[PDB]
Amino acid sequence: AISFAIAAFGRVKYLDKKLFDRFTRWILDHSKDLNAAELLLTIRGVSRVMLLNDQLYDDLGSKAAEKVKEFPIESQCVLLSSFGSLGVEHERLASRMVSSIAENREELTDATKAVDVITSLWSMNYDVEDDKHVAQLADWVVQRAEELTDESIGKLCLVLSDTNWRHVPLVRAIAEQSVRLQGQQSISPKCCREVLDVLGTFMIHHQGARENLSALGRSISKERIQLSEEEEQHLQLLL
Amino acid sequence: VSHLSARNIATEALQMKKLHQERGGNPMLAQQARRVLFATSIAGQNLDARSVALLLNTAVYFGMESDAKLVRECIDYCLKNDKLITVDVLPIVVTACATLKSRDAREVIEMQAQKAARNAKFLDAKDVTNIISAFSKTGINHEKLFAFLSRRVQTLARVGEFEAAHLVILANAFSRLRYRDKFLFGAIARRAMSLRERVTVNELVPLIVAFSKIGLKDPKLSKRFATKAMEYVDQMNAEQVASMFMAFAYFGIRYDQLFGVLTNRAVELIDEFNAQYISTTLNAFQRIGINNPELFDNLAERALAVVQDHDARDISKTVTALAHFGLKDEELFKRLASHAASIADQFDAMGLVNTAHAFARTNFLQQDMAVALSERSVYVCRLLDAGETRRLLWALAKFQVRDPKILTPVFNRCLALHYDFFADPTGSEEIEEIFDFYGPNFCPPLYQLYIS
Amino acid sequence: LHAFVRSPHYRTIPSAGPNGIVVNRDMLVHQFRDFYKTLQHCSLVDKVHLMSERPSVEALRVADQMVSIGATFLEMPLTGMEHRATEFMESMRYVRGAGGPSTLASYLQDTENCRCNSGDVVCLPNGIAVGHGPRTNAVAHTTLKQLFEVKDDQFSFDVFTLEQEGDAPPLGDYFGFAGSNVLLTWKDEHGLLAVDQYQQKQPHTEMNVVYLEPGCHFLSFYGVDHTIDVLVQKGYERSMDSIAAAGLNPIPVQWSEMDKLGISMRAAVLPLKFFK
Amino acid sequence: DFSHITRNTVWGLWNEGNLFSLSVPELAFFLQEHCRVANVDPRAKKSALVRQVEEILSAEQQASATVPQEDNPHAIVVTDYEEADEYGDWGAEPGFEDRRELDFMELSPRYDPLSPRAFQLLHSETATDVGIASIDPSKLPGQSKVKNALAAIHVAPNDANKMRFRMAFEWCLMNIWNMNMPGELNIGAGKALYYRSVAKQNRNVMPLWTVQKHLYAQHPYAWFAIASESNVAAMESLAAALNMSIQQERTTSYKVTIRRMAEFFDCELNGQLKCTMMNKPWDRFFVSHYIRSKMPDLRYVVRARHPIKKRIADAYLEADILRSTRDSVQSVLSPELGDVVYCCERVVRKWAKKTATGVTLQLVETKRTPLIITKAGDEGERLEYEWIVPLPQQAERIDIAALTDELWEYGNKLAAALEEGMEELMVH
Amino acid sequence: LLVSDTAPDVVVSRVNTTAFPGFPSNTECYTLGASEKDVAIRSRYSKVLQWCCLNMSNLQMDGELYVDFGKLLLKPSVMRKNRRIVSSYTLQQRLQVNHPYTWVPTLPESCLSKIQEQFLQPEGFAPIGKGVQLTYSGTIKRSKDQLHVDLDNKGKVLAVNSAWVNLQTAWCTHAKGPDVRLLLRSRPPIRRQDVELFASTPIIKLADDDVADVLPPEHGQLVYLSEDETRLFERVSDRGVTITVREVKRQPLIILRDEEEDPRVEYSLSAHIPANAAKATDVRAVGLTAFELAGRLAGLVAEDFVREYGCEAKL
Amino acid sequence: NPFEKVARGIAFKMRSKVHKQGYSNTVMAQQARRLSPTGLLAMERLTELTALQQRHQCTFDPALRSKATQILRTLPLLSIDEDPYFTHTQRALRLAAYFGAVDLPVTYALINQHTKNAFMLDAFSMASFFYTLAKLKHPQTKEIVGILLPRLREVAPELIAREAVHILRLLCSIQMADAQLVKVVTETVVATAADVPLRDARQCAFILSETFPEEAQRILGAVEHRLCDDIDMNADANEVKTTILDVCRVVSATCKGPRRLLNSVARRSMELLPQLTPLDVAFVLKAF
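Protein chains in written order, with the deposited numbering: chain 4, 847 to 1085; chain 6, 58 to 509; chain 5, 11 to 286; chain 2, 45 to 125, 133 to 160, 166 to 484; chain 1, 159 to 473; chain 3, 3 to 290.
These are computed hints drawn from the structure, not numbers from a lab.
No residue lacks a Cβ here, since even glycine has one placed at the ideal position from N, Cα and C.
It is possible that part of the hints are untrue.
Said to hold, decoys possible - Partial pick of chain 6 residues on the chain 5-facing surface, computed with a CB cut under 8 angstroms:
id: 1; residue: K178
id: 2; residue: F179
id: 3; residue: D181
id: 4; residue: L213
id: 5; residue: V216
Claimed, not checked - The following residues of chain 4 were derived to be distant from chain 6, with all beta-carbon distances above 10 angstroms:
id: 6; residue: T870
id: 7; residue: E935
id: 8; residue: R938
id: 9; residue: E993
id: 10; residue: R1026
id: 11; residue: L1027
id: 12; residue: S1074
id: 13; residue: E1076
If we strip away everything but chain 4, and leave its shape as in the complex, we get:
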């Protein structure tokens, strides 16, 4: 009736200040005896109402890191995204929690969840050039880089551009998947702009991707002055 109430409040964003203060004080007083499937029900509820507390989040993160095997895969993804949304950072939680998602990689529904986990891990101020678990996630995304979509490609391009990640095979896969997506007219100009931007920053030619995405990518960045027909005919006379 505290975890249930907190989850019910955080699922609809009706934070009540003093009541939540008393709730936090209570769950701080008795914290060492919270069973699993209740930390997940309170972290999301208290993070969806935008409460920035340090001691409470520290305690909940430590408790969740202690009990890792009980949480299933989707619970792991949601618990990472909950911390990721606000911007708070916890090294122990991420380090202990990405190992399970790396070991149980094969049970993921597709690579979109993998790129979402990588993005949420980036948002938490965790080094993405760390131990080979992130490398395993990236290689798995590369091997099955056919289920990606516009949003996943955009987020991954943002992560690579910000983090300065030199790992090329995923960039080649991104270029090829952008080409294939444009082949069926199911891409957005912003995604083309982002992939062209990361390609230009990382100095990869990939003429096939450069050719067919140029018209889509130039239509968002090129600022065009609206000219009247008289100036149009003057230009026609000029050139």
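Fit chains 6, 5, 2, 1 and 3 to the known structure of chain 4 by using the hints.
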């Protein structure tokens, strides 16, 4: 022990403002935003420049002043952290700290002016127009900044770099700012002229209004604007009709064909007249002198229908304009007199004396407004100038008012300002009237001062 | 994708430039605005910014200060350019106005002894070309070898030191490059020598070559975007047909008077890449 | 229910989102009396009544509270073609009193001529300054234990004017000492005639603050210096009253403004017609107008001169021909050294003494005959009177308050000397 | 905050200057001049009163005008750095943060012989009702607000109202004589359950000489109670306005703070402005009349206020 | 008409400008926050008194009370409406309680402050005040309780049961308890019978069984089923023995008993035969 994440709060406030502005604005969104933002407090967090300007902008938008904690906390970090402000976020802060009445809300602007004065050269078109629009509303009159920005605008306008949406903003901001320059306005007019057929009527009338508001200009400019106005009369409603008609009247050039076509097209939308801007289109005729009676009767016929909307200024200006071309139609005049008597509580000195003078001119005197205006005159007789005092005194004279409490202050004021009172030749006959109506008994000093 | 140009000074523009032919002061100003319109329409540059006026006509060369090879910039060494260093300061402002400072070429400007000129370094698909002649030293080539070099199956980047004679103009003036494996070259001794030097390097490039009559100024940029267009002087007609036969759309622009001034396409604009 | 539930209470509850903290009869009474509903079934629970009250309140609310913080075209307004808060009565302005002591002067944030860096309007009849004084409230019924209590008392305008003058003078002294420019002080007699466009809103009565800001911003004013000959002998009596001593007799000088395409300069050709001084125009650092009821008004000016390398001055010296004999300016200048803009004959008569403070005090009478002038049509004979006093150096340890008071009283004495000396024309 | 003998305004004027060589046209001539003393003060006061009354009537409330005679005393907090000339705006802004004013209402009693000789009857002031009425005035500090109780001579409560709130405050000072502090007041609502409750429980018990407090602790606390001898005079100036003069020779009995332990006789003038003056009644006229007729009574008692009782050394 | 709309907007904007976050209101609030000149020394005295409580509670050393009772002999801590929560007053009262300070004038002054400011006390503060004043067997508890009792009926329906138990113990040990707050406490207990410790319910049913039997009967009937389930499913002998003994005592005192509870108590008393003391058997049989 518990705060709110100010960055996500700013994002939610941005979404709330976007939803409130684009849907109609039910007060629920305003109350929700105020409730959320009241508890928000910038603190030992590390908000960057954008996340502070966004919060300040939304807070001022949703009806907050220096009373709120957030506004006071957000006006700081700008007093002390000035280098963080960039050209992208300068107009937001500058126009946010404009309607605020705090002293600290007027120092910030000063600093911004300096940081713009040396940077009016290294800007593009959009930044220049945004900065000019932001600084127009505040009210500062830094001359060096305006000179630099005028130069930059002139340089940018040499080769076409302004879409047909920023010329209106620039002209309106300069006209409201009360700063005049032949070269800048000529360049703006030329650039607007180059973009033929791109400027619609909805984007043309405001330019004419802005140019007319600085009407101290030369011909050959409104001459060309008359040509363009020929083909934009069809698809425009009564509001721009009246506004551009007042603008052309203030230009001071007789456009017989333009006035004729405006009169011809104006009668179709006589129904759309809300009687609020009828005062301007009536007064502009008095300003120029055109006495076409057909549209005058058409306007007067649409009066009783809408009188509640009429305000004190509207009634005063309408009666003053109707003084010339005196129809003296009692049916409208009784209702207008009663309505103005109800409104007579809120009025203006100069307006008070014009209303009294016009009522005396029309020779329609009823007890209610007469006594009401005589009562309300005393509070404003203190500050009227010579001719205005004379007109008010003659208005009371026509009103047949003998109450000592009313005549004593005006007589004292005219005694203290006898030299200017007796120095007006055009009003001379008027003074004549007053004494031979009243007599010599009231003010003996005025007696022997006149007899001199 | 960011291009910078400077408007000329009408009062201090000199007639009879260093070639014995007088010039028309009004005609420069007349042609500059049409050049601006063509540049902002030609779809080769994302944005154009109009720099302020300055007295010296030698300040009309917006380039020769700072070269863009990638996300980072490279300022040029101060050697014989001190007399106008002041105006250089102003230029940077406009750059920083809408862009970051990048690396500031600390590594290049402070490289002991340096002799570099904007135009000796020309980018190419997975390649850089340095015109080793009377303007660029081998130390600059070694520094670029240190900085912009990566070697792998996909991290493939190369640097080509091209030899040229003492009387040859800067590298970027005559032999240039346009996207989609098309290489533009003058049909003179300098152009043939440059083409041969490039051919002896990396035979697997498979670069088609199109020839133009000597004395033609043209502007063409690799860019992150791919485009088929070139800017050519509205003089020699045969070059337009020669380049259009290969599937490249040409765009003519008038530079007679400024050619007599001695100002080329490379120094008329300043290309830059701005990222986030 | 009863009368305690009113429109204000329900409005506050609605704005704080706590309407459910009310009983059913209260809501029924509010709907039946304030909202004026037809009838309500006495069975509805809290939700229906709350929703009805809320909808009625929102529908009848039409006073927009939002202010658009954005720019938008297509908007037509005719308005042009703080005052209540000017007196500071409708609240407590937050963040007040936390500013530098610049209440008595208008300071806005380099060399520039005709650019007052600090304006201070003053008056003798009208002064906007109240005073405080001590009293003994022991008699009063309740204050039988406090010995001192302050009360607000009005003050004489002259004392307030002197206080503001010295408050500005100490600031000016500190500033000029920090800059270390050559300091000069001028006290001129003349009329400060203003222009008609000063009156904003086309009003007559206005507080001193608004007119001070308007003068400091728009500058719709002009200073005119004029005296009379008939008072000369009279002020000679003042000389006998103040033991003035002649340090220079009547001297003929040719004042010229040697302008240039880059900067401006001035010179004083002598009777022999050579250029013996080269200097920049004066820098107006502080201006104060003391307006009296009658004609004689006073202008207090603090000005300094910026330094210049003597190399260029020596390059100029007398190389520029400036001969203006035969009433014709035959100044054969080089093609691009500069130009001559204005020229006037000054007849100079000055006295001297040593003040009690210990600074030289020069009284000069100057008769002006403008011969060559381009910016305006000045002509005729004009007589001006003024005091020059150079400010004491920073290291002279000269006390400041007594010096300022003595200067103010000496200006008052000069005003009184020619107070009846300008009785010729009917000024007022 | 208003001080007499003030003139914070400037007057526009123009003159004919035909003896100045150079620009002799009088069109470009502008000059400054002085003004009168009372007009600015009266205009500002009337404007602020009109705005405040309009706002109060806009908020659907009722209020009354009040005029009181006494003296103004300020704590040494307002004075700073031994300065004696302060801007009026600065003083008004400084007296709005901590309320350091210590107004104490009083008036010497040896003037009633000439008080009736102030044109009371000629204006319309007449003695109505019964004089020398004995009553008690007390205040209760509840959990959230304050309440005021009027007790009869017997001990029965007469009226139980709420604490007063002042909307418009005016502190027009004066010369060596007394100064006037014109005010506008409104009365907040009160639950009539609490009104009825404070009628059965006894508040005071009146012995032969001494008076005692019996209020139960649960209901509140007695913090100030005093004995009042009251009499009334009334005037109507053919306009429906009821200008009322009241007399209170109060002797405090039960006090809490320290600065009220002395007998005090004071005067009071009042009117009535219901919630309909926003449309029909001229509000500013009543304020102007009250300010005009308060100056007379200030002038008449100005002498004895400093002659034998009191000392006002304004220097 | 437009002027009236403008006036409405301006008036309501100015009204909305006034709230609890205003600068002037904050300034007055912080002015009220300022402590008195004697307040600082009162806090120092409280800190000095607190510094010795742990030493006396641990070492049990003598002569520590000396110079510690005298320092509190003259305690000018009054704080009239400076702390409208009495937390410092409660702290001082508890400190005097632990030191044996009962008849000193400081304690009487504190109690006088309590009885004179008895219109802003909430449920928690009054429950804490009645928790003490019972450890301190003051000679004049009757008058204090008589004065404070009319406030009890106002803040009664906000008391935890664990403090209502002690409230009723104090009120019934002096025969002053009235049948006006007892019904309120009984209503609260019977309403919150779903989740309330069984020990508290048993104590509340037993304590008022002598005087008011029907309320105790209703309290027992509210938790009969839970008590039966507890006495059946529990394992430890001591707690079940205490529970059956107490419920048997309550049933015997009230002269009435529910059927199911008696059946469960019967079977449990059969299972607990070895640990049954003779008095346990006597009381179990007496209950029937």
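Checked hints:
1. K178: Given a least distance of 6 angstroms, the restraint on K178 (chain 6) holds.
2. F179: Constraint on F179 (chain 6) satisfied, holds at 5 angstroms.
3. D181: Hint holds; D181 (chain 6) Cβ to chain 5 Cβ min 7 angstroms, cut 8 angstroms.
4. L213: Holds, because the Cβ-Cβ distance from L213 (chain 6) to chain 5 comes to roughly 7 angstroms (cut-off 8 angstroms).
5. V216: 5 angstroms, holds
6. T870: About 7 angstroms separates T870 (chain 4) from the closest Cβ of chain 6, which leaves it inside 10 angstroms; violated.
7. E935: Check passes; 13 angstroms lies beyond 10 angstroms.
8. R938: 22 angstroms, holds
9. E993: 30 angstroms, holds
10. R1026: Non-interface label on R1026 (chain 4) holds, nearest chain 6 Cβ at 34 angstroms vs cutoff 10 angstroms.
11. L1027: 29 angstroms, holds
12. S1074: Answer for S1074 (chain 4): violated, closest chain 6 Cβ roughly 5 angstroms.
13. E1076: 6 angstroms, violated
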